[PDB]
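The chain that follows stands alone, in the form deposited in one PDB entry, written as structure tokens.
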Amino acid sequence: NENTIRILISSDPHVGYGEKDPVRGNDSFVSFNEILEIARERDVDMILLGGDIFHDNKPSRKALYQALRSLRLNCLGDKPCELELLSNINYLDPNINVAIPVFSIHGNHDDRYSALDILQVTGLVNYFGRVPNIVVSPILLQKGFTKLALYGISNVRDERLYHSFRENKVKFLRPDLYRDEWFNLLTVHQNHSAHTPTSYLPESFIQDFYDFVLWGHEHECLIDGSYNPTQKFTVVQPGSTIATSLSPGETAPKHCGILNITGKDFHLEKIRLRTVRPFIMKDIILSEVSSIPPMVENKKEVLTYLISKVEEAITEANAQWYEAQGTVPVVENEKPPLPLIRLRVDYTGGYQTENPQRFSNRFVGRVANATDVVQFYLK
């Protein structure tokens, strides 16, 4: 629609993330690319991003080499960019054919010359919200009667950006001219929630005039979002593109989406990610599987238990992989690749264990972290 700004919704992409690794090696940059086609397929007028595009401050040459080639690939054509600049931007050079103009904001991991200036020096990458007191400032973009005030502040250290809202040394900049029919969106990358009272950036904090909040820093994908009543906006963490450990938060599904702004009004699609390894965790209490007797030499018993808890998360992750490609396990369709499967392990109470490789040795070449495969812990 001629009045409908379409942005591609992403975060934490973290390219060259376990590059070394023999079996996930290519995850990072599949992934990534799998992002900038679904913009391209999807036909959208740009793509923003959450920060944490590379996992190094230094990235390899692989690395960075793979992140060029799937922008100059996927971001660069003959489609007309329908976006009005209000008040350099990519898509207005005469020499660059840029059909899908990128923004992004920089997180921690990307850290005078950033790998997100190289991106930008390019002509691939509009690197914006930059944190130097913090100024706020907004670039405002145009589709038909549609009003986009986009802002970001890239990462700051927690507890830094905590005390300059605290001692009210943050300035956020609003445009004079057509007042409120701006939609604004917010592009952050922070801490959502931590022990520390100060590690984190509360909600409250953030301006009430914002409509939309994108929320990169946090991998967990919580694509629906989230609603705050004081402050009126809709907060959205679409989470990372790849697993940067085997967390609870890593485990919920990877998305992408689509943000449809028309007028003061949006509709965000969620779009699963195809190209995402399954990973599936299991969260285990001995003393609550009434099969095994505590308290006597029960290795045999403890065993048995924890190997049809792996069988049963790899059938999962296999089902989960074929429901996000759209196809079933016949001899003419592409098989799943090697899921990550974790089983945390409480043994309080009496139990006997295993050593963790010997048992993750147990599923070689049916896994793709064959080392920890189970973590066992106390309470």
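By rigid core we mean the largest C-alpha set that fits within 1.5 Å across both forms. Numbering follows the first chain given and starts at 1. What changes on going to the form deposited in another entry:
Core-based superposition between the two forms shows that, of 173, 121, 177, 295, only 295 has its Cα displaced by 2 Å or more. Once both forms are fitted on their rigid core, the CA atom of residue 236 lies less than 2 Å apart between the two forms. With the core held fixed, residue 252 shows a CA shift below 2 Å between the two forms.
After superposing the rigid core, the C-alpha of residue 99 moves by less than 2 Å between the two forms.
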Contents of the next structure:
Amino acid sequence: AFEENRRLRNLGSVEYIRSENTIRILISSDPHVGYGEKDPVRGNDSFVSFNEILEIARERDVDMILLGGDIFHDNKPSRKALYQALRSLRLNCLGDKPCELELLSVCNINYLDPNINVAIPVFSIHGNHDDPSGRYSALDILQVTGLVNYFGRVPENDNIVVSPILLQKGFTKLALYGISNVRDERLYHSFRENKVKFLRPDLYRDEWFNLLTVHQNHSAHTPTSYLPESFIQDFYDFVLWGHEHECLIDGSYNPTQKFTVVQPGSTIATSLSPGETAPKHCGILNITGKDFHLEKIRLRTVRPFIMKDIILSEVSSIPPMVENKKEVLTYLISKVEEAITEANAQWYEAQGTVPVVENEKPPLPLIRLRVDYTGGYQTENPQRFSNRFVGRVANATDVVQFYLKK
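Please supply the corresponding structure for the form deposited in another entry (the preceding block corresponds to the form deposited in one PDB entry).
Lone chain follows.
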């Protein structure tokens, strides 16, 4: 069943119906505005980092912003989360700057409104949400204000029609496609049953730089609970991959399909997973005809997160196998202290500063120790160990996790 997935290529059907020349796009995904709102330390993280993304777009003078979904963490965001998102979009996206993008294709393009002066149009697809969910989303609200362009709507999970937004700047032509989040198993089934219809403009067939935006699992435990890369039509040149939190901004080239996949990652860690450790970035994609150049930009406002894997039997400072309750503590405490120094150094690197009295100090970092304690060693209560770093770490819970080798 996993073997079958590699063999299946170009699924669904393709129908044909009706830097002045460099398209600059700020690419990001998953800001999860509102996540960890009630946390005393982490409460304002999502608001600050979502603002940063829009701030970089304005400072760097990009033509547009493209997001891979999950602007909000919840289906029903709090009044604070909604207010903060709207405030950031209004202050960073409105202005006298002319929009050099020409459209060739309340609901109509925002930067096309005569009553709204949009300097940098935001384009986003709908993402996945785990809180309890009518026919009105928080993304529909962002669209109605004229601040975000909601594209890639999936009204029916059965028959999905993928139509493009056609944009031109000088000689460079962009055919922007999107598929809003669909339950992975459902989407997988739609591609297998040939229920996904891609629409291409008849004119300038080979002229349009084809960009697809998705919000799905890139991998899964079950062979039907993710979207295989081979399923995606080979006429595409670039794929922006949302939903997946790990920053893989450098990208991966698929040699068969002939298209690059860029998984930018979230702008906030939503769990203490290994995937969340990779420093967060956004990117500037510079399209110029057929080729492009992607510039990775490190996020300055994201709280550092260091994870360390420890094997006790390998620690020459600890004696085995006795009551080393004291040995394990001293050693483990020093590893947290080492992880904090690594986190602080990672933060100053992102800022371009040095640790001195005149400079701003780093925020409390997220620290996780995965400790193998086999044959044998004395362990602590994980919560009791985590209480030791009360004003040194952002995570009051889960500083340590003890495990035995399987």
